[PDB]
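With the hints as extra help, turn the sequences into a complete structure.
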Amino acid sequence: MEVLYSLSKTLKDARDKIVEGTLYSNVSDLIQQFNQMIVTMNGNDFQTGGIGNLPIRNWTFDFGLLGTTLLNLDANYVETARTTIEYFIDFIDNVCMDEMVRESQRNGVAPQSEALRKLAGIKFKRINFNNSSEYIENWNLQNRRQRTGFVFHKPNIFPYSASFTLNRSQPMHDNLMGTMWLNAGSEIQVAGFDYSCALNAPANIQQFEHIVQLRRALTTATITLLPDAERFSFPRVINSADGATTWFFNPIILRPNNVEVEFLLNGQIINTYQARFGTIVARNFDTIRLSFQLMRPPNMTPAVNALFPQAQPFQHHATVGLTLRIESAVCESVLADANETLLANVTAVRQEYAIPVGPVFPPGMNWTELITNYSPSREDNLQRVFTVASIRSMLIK
Amino acid sequence: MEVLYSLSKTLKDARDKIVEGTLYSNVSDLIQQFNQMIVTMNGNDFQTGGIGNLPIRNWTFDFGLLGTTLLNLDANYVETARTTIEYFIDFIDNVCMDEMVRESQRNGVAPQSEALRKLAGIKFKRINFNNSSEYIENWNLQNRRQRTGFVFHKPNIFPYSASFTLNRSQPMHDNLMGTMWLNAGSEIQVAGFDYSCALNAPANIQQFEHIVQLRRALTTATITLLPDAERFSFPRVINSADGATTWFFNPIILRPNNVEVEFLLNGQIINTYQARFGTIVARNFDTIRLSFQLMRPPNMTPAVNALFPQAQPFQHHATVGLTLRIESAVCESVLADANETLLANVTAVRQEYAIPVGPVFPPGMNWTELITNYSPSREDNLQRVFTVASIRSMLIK
Amino acid sequence: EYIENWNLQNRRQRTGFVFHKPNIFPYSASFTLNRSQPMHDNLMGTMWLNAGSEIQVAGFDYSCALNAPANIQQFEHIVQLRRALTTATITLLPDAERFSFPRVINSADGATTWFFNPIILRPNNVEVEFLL
Amino acid sequence: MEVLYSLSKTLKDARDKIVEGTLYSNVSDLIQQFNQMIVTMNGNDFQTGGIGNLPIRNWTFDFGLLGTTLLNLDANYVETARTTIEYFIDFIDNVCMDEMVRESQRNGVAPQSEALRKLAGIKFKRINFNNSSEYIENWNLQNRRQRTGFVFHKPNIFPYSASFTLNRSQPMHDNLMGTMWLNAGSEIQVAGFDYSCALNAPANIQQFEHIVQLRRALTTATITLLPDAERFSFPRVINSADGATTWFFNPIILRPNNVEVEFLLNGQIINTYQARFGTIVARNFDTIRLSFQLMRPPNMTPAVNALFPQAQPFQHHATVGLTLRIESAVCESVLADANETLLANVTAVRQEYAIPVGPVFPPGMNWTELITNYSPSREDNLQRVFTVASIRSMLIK
Amino acid sequence: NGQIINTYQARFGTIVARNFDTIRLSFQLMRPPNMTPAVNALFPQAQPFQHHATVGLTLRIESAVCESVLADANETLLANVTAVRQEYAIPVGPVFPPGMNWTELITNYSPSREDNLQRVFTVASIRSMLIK
Amino acid sequence: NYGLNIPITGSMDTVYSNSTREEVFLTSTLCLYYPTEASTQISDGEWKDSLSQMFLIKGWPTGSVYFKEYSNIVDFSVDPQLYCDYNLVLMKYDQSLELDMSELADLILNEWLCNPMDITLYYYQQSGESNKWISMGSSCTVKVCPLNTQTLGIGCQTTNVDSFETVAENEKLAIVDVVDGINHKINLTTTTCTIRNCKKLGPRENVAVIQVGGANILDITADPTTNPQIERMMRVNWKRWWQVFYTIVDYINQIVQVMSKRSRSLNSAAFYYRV
Ligand SMILES: *[C@@H]1O[C@H](CO)[C@@H](O)[C@H](O)[C@H]1NC(C)=O
Ligand SMILES: *[C@@H]1O[C@H](CO)[C@@H](O)[C@H](O)[C@H]1NC(C)=O
Ligand SMILES: [Ca+2]
Ligand SMILES: [Ca+2]
Ligand SMILES: [Ca+2]
Ligand SMILES: [Ca+2]
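Chains as they are written, first to last, in the numbering used here: chain A, 634 to 1030; chain B, 634 to 1030; chain C, 1488 to 1619; chain D, 634 to 1030; chain E, 287 to 418; chain F, 46 to 320.
Since the hints were made in silico from the structure, they are not lab data.
Fair warning: there could be bad hints in the mix.
Said to hold, decoys possible - In silico SDA-like cross-links for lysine to any residue, where the CA-CA straight-line distance does not exceed 20 Å: (1) B:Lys645 - A:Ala971; (2) A:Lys645 - C:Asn1492; (3) A:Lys650 - A:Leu663; (4) A:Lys756 - A:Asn686; (5) B:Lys645 - A:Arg778; (6) D:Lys756 - B:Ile718; (7) F:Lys137 - F:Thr292; (8) A:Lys1030 - C:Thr1574; (9) E:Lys418 - E:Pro334; (10) A:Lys751 - A:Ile671; (11) F:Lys244 - A:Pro792; (12) B:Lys650 - A:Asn773; (13) A:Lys756 - A:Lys650; (14) D:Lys1030 - D:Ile722; (15) F:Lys137 - F:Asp225; (16) D:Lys756 - B:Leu698; (17) A:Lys650 - C:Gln1500.
Stated by the list, open to error - Which bits of chain D does chain A cover? Going by a derived footprint, with three or more residues having C-beta under 8 Å, they are: (18) 776 to 785; (19) 1005 to 1019.
Where is the CB? At the ideal position from N, CA and C, for every residue including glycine.
Printed below as a string of structure tokens:
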């Protein structure tokens, strides 16, 4: 697959550096690279496609090389250059789509899409140009495995899950206690609540805790922590734990006093931030532990005093929230982002040609259950298709 | 330090371009650079570390040159190069790590880390290869004094700050008027509230104003301005200014009418926008004045009329609000973002080895206290360590 | 990439620009009302904000689907991009936030203002159709 | 490490093939390997030990090459060769015992034990002989990224758990219904009980389910499924849910009807077996879901009728059980077995030399707490020490 | 740095300090256990308290060695710099206080201020070599 | 031991469904409690049969509806036994019965836990705001005498009952509150009236108090500040008892929709007597 990436890169550089009027000095090395690609692909008959609606296409290469003695390129030259470059761009496009659609459970890293295997043969190692891109460099450093890392802006590491736990409850749901939460994308939003406003808690303080287990540990994550989670700070009617009935939630928000967040890697406390909002940093972690508290305000102006009674009704319910957003992070294993269209590209090529459901990926490349169950086979096959998509996006975009 | 960046760049190039089967045309000039680097670095003894828990290490270089007679690179070339390259990468990683943990109250930009100080000498000036990344480019410009520019995405120029001001107050907190604001990251959410909904105000128009001062003058910033500041648009129980009691806030969100945002540089009107929400642009600015108005609606359906009486109680509390995101900007001085991982890198390296609190930086290097007091010495040290972290991230992720 | 696309378009070819969080949508905060009367005591319809890369759309019913067929009220919102995007990654969540707190909103004519006091139910059998 | 394995391999081959009266044709290649091993190791100096009570030892090599001027080896040759071999074996034993005791939470795969670290250098690459054993072959197939596999006989995958859930309970503990389970090594024994023998259950059938999630996915596992969970088929007195009291359990065994065992991988079903017993196979799986049913017999002899009333006493308590053995399996990761002695060897070394409890492994190498939390760093360290232990056991028993 | 480096107890006259960032003067006021009638009438056990007991300490820093640059009673460097700025009416700069008043310059003596102060003081020395 | 310590994790998107079943009775039972004025004004006696026949079309099977007839509000206040599942209590408002109606409402609408009080032997206190003393009988005259820390009556002599202070005289039911934390000596006619030290648990929601007459006067919460309007504190407007019963029958689906069959007790008493 290094051969595939180098093919895409040398076609990109051919489309860019080989332009009218440029000095031959500017492109001599790329000219020799292009000639090497031509001569080492000549006479090789490739076949691509044949899964789903993806058509079966045959590629036969017999192209002329590019002159050398010139001092400045001109239009008579770039015309031949484009006549070859268009065909090659088509070839790598089809190969990338083929490898993206293909898939396997056993030995996922190895290349499917027999065109790509033929490229992985020994005849084609003379094409290897330079493995500069982030994804290809990570691929090599993983292949001869050293520690590596992908950097993500706003990584959708959490699976979309909105839910709640009710520590206190009764079949009329008039006096509840518990924790609502929504983990979606790179947002955590957790809101604890007491319908009695911590009337009978010890020292009028109620503890809320929420543990979030990342499927993959993140590294050097820049995080923004704010109070007053906003999605759980307006009236709602919420289906019960099992859908029997629906209970009313009427929040009135206080600040979360003595909030703390602990970032944990295999149990131990890697980081702990107490009552510190704004931007924080987690050097390395696999679990987040948000622990906040709802304290009954000791002094009550008459309005809030009317709000929180000693009696039973509880027409309003005290809430304390937290928002935690992973602005950027570094991860061992590939994930989707808001900054890179790798998942979008692979899913688009699969949906376009209606590929039947394979053994390992979920149907439709649903990211939620592709990150909920993220076994090593899923992980490394996902990395393969993602890096092929990275190769493709260099040209077809 | 320029030499340190040259080391990192040439190792990255060596790892990406010295690969099996690649032509010598692709890598001839890189091999020349690498041979020059080897010749210069041979016969030196660097020492790295000795602060906190970061362990002392000694580096000695005796490496042979790289071959040049090979037409097309083969395996053995790659193994010889790699056994050199891992050693060099470890050396550069440790040098950057030891540089990121040292401060200097006077003359911050000058190197620390006696290894790096030795590298700064005249002997190693023949390593200077290329200064291409944004951070090294701005470092070179600063030494070459002239305008520097760092482009940022969601810059967290605003220190975390949530607070309110009351221009009309009672000990019972039943007829209030004033503003509340959260400045956090790239967000300014401001909300002016009036409990009387502008009964006795002039023409039933209550003017709200909010002044935000940037610690550095952002340039060519795209800003998303929306009405209806969400965080201050639901019921809340807020401690009073002195903490004596707590008052109740029960919003009703009116339109903010005839809003007016001024972007100012040195206290003169650089940009002005009235009633213009969506994407706007601040050319070059240092403060933001957000001025909006709560205008009582003259016509009301009976529901609204019941909400806003002429009487004493004021059960529902009128308010207007603005949200202002700085989507991107260009600053002359280095900042944290939601895109780059430089702050995360530096903070992680400090926390890993438990560096004692240094003279200049705040404890734990928290961005809120670092930006709220962003003196020139702090800016110097921050630029130095951020450039070093960007250098390190070339190789180590 | 900008000069890439410049060349590829100047010599007619397929091309594209990648955007992180593009502001394809013109700013527009509005509503439509399917059930109304000058009193504005009983309303049903949609409110929406298209802003930058956000579509926050909230259907609302004052009767909570009392007389609706099968206690179900259907809401639909169509938004037509000026230029067609491609291979987009999108995030879809419930609970359109900006229309989940009390408001006083001028009418369509602007004559009088009506009060809107939301209680956030859970949108069921949601559907999203991407059309070209 | 490949060098260390090759050293152990060639010492074993020397001890096994250099015996009195052998041809030289038998041992020509081995003598060449041993001679150039002697050449490589001569002139070096290693240090071993220094952690815990493992004594420090300095190894210096200056040995003569084994002769090659014989036709059939005699007693002189063998005696000199043994004088060399005993010293080399002591060196390898100490190197492995030093490598087994050391851990590193950061980069667990890489060599600790400065002796073995020096052996990893480039001078000793010529000692590499062949990598034939299962553990070193998997080490190489993980050194490069390819699908490994370890065959295990009675793998110790299940952490030791012995516990029950009560889906129906009250203080007198007179009418219960729930499940007991023992997971241990390669055994699962799960027994659902109901005190009323499913009087008021829907259709006189009580459903039971037991989910066990392996910490690592098995492959091509041979399994033995039987009814009648043995350990929960006799009277017991069991501590209460909280230990406040104890409750009597008096089983009477019924045959579990429409039993259904499911082997699942990443949520989706891989294998189903309904009312199947004897030996079965799980192709590939991550969790086991054992569901069964206590069906009240419609027809009943008067004796069993007397056993099961409709009133409250319930002197005998109906139960249905399952036993589930893993006879063999194939695993990507590494686990202890009833066949291999690597866990025992590593634990024995640490106990022998009183190694302090390190960062990553639990105290005493407690396998249950090790497999309960099987983080990637812990797995990496475990694989390293296991392959080292196998290398040691090649020579020392 | 909050580390007691020197401690002089009931010793007046000339003293020395190796290196010090803070000075802690602690003293006491002991009511005189015996009292002539004059002082006894001076200090009554009643309330009025018409004369107020005091106890003082004076501390001159006769000479010192500082790593950073400071003004002195022996050096005309600060005077030279300030006079040169005033004679030509230099606009107030971004770093030095208006008029270069030493009190407000040393109340906040940040490193940038120290750097510029050292530069201008050294230039003043160079000038004063010739133009006194 | 219903495992009332572990949290239950729900989900916020799935689904609106049906409640399965519960097999302890064939179906719930509705249960009217009306005063004899209703029967006397109706002047009938097949009318219970007619009301049952009319509930049948509303969708209550025959055996489910039961009727109970108390003499009047004060005579029902003494030991109000709710032998039943969905209790409605029609309380005809009359002037000067405001506090007694409030007493009965606070009694039945809330879940009380009562201990005995041996008045003859010991003094007593009130632990907190939730602790009342409830006295019932043919006639209660609760005379209290608060004692200081030294067991000396303040404003009263413990040896002279005439100086004691009458918090409630000649009541069939008295929910008496006294200052919390002060010992009291009690005196009431032990032959006729009994008294109990009752703490208030949460609310009881089998019972719907339908005030048939005047304005909203029920104040269940002994706190003067709060005066909540419970959903089960119903108030209907009346001229004729036929109209009242017809409204109840017609709207009974909402009456039970605002209640819950769950908070029911084995014994029919209005409190849990914990000895
Ligand atoms: C739930 O109850 C409704 C009541 O009309 C019924 O239509 C529906 O079928 C029930 N649910 C199921 C799954 O049948
Ligand atoms: C209540 O007071 C009367 C006197 O009026 C007395 O005879 C009676 O014994 C008292 N009751 C108790 C229980 O002491
Ligand atoms: Ca009295
Ligand atoms: Ca009474
Ligand atoms: Ca009381
Ligand atoms: Ca009250």
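Hint by hint, here is what the structure shows:
For a cut-off of 20 Å, the pair hint linking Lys645 of chain B to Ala971 of chain A is broken: about 26 Å separates their Cα positions. With a C-alpha separation of about 13 Å, the suggested pairing of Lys645 of chain A with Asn1492 of chain C holds against the 20 Å cut-off. Under the criterion of a C-alpha separation no larger than 20 Å, the hint pairing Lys650 of chain A with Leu663 of chain A is consistent with the structure, at around 8 Å. With a C-alpha separation of about 31 Å, the suggested pairing of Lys756 of chain A with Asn686 of chain A is violated against the 20 Å cut-off.
For the hint pairing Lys645 of chain B with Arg778 of chain A, the CA-to-CA distance comes to about 17 Å; that is within 20 Å, so the pair holds. Note on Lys756 of chain D and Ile718 of chain B: the hinted pairing holds, with a Cα-Cα distance of about 17 Å set against a maximum of 20 Å. About 15 Å separates the Cα atoms of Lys137 of chain F and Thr292 of chain F, which keeps this hinted pair within 20 Å; it holds. About 9 Å separates the Cα atoms of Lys1030 of chain A and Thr1574 of chain C, which keeps this hinted pair within 20 Å; it holds.
For the hint linking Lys418 of chain E to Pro334 of chain E, the alpha-carbon distance of about 60 Å lies beyond 20 Å, and the restraint is violated. Simply put, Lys751 of chain A and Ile671 of chain A have alpha-carbon atoms about 16 Å apart, close enough for the 20 Å limit, and the pair holds. Simply put, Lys244 of chain F and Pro792 of chain A have alpha-carbon atoms about 47 Å apart, too far for the 20 Å limit, and the pair is violated. With a C-alpha separation of about 12 Å, the suggested pairing of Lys650 of chain B with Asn773 of chain A holds against the 20 Å cut-off.
Under the criterion of a C-alpha separation no larger than 20 Å, the hint pairing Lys756 of chain A with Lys650 of chain A is inconsistent with the structure, at around 27 Å. Distance restraint check for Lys1030 of chain D and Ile722 of chain D: the Cα-Cα separation of roughly 12 Å lies within the 20 Å cut-off, and the hinted pair is therefore satisfied. The suggested pairing of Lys137 of chain F with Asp225 of chain F is violated, with an alpha-carbon distance near 34 Å, which exceeds 20 Å. Restraint check for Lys756 of chain D and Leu698 of chain B: satisfied, since their Cα atoms lie roughly 18 Å apart, inside the 20 Å limit.
About 18 Å separates the Cα atoms of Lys650 of chain A and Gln1500 of chain C, which keeps this hinted pair within 20 Å; it holds. Look at the stretch 776 to 785 of chain D against chain A: 5 of its residues bring a Cβ nearer than 8 Å to a Cβ of that chain, three or more, so the hint holds. Figure legend: the stretch 1005 to 1019 of chain D, annotated as covered by chain A; annotation consistent (4 residues with Cβ-Cβ distances under 8 Å, at least 3 required).
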